[PDB]
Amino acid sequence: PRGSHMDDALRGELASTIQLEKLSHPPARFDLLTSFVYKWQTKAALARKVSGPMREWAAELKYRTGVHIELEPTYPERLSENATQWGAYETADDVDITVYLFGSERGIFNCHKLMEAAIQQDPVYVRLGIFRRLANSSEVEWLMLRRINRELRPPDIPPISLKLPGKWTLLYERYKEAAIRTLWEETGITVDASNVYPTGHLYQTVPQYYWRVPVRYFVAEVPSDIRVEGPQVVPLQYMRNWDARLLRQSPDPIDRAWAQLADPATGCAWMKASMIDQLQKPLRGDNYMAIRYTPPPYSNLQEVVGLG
């Protein structure tokens, strides 16, 4: 019942081999979905590529074929263990996951080959660090957004995410291609692929959070004078039309900094790296921007951005 609701929410933002096993009927726990049902016994290293933290790719597979993807840890009691067929999993990739498919065999056949191609790639989150240089200052300003995540979310996703632009790679989409397209979807800024530079990737997960995906990072300079329109895809899902008087007095530092630098008409804000890491210091430690958005030397840009 929760899996469907999350797939319905992503509909607005949508525009070596797999051994399936047909099941006579589904287990009683999955009858409400029941329409055939096929099972795929795999690991989280593979099942993560057809689901996603917010069911990004499980919803696209439904948008494509009409099949419903349902995932469950095969032996979830092992995820409650600290220290073999039983005990704590070594890594998240090793977590046994059982995937269920619901729909017509026509739609299941289409999704099956889509899934066999999905598990071949590396689907990740992308963040294109958009920055501009200030004539009066020496440091750069980065464009920040605050997305209001939905109620149906995994426990590792906050209610509001202070983020730089960027979403996720669609099925068969590539890193830079996703970073540029998702940049416009969240900001409305058009950046050329020759000015986008990869700055690194991060993957930190635990077995209990088997769904977590790597994050590929990019940076690109924007002209200091530019019309930042804000989110054009699902704009209601971002912090907008807020009230600067009362939020300025919120006990959250993010919130106060948002009331002072954010524009409620666009939901966007320009922040310096020293300000972003100060905001991320109590949650992430030091060097939040430097760890993620340090340009490669061939960009001839780590001099300009200031992290280096």
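Think of the rigid core as the biggest set of C-alphas that the two forms share within 1.5 Å after superposition. Numbering follows the first chain given and starts at 1. What changes on going to the form deposited in another entry:
Shift analysis on the rigid core between these two forms singles out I276 from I276, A262, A44, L61 (C-alpha displacement of 2 Å or more). Core-aligned CA deviation for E139 between these two forms: 2 Å or greater.
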Given for the second form:
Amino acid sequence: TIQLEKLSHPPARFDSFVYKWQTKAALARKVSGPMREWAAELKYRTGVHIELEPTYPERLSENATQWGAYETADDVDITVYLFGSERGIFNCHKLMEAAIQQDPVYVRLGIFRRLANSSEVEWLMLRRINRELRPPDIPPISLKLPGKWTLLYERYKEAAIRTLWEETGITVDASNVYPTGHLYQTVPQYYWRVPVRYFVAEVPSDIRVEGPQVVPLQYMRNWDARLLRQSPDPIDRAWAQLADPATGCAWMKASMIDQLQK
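Which structure goes with the form deposited in another entry, now that we have seen the form deposited in one PDB entry?
Shown next is a single chain and nothing more.
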């Protein structure tokens, strides 16, 4: 249950009808998302614009009650504002109640191939170029397994399979896709962070990879291999060596990644 409070006007910091939801990050992150994955979907569905802020931001600068550090990100007090029509807000409210009962997450579908000469498998990876307006925990370029996030009402595996296709053009069958758990590592200051659900699936080693089918320009592609292999960054050089500039994808071993980080 979400209790909304109607406001007469927005506060000055937010320069339509306005409602407020006073809650915790444990719930607020489900209607927002680090990159507004869910906020944008809510806007798409209802026209309602969502804004979030920590209610007591000074507490986020504390290391050590009722006025010191928060124990966990989940405990962070969050004030959510909704701007829209009465009808949009009515509809958006309904969607949020459903969302906080779902568990919207990031998904990663680890596509892997087996090499004859090796017991360690190779993982398909991409490098996503991130926007200039991004939370501080996200680097300029994310090296990642394929996969994005669950849409509202979407099941985990369904989302993994759909977003694998969006990033790589690869179609896998659900019966070959295996969930393998989740990771969720965060701190109170990064209260927006969400769990990541993992899956694995084997593909044949000679499978044809097309690359991103959706927003392809948000991924590294068509770099200058000669130039990039002169980068001071070990990942850049491994990327120039192993990635296909036409697809923005590389087959990589975790052990090789570990050796680069030393």
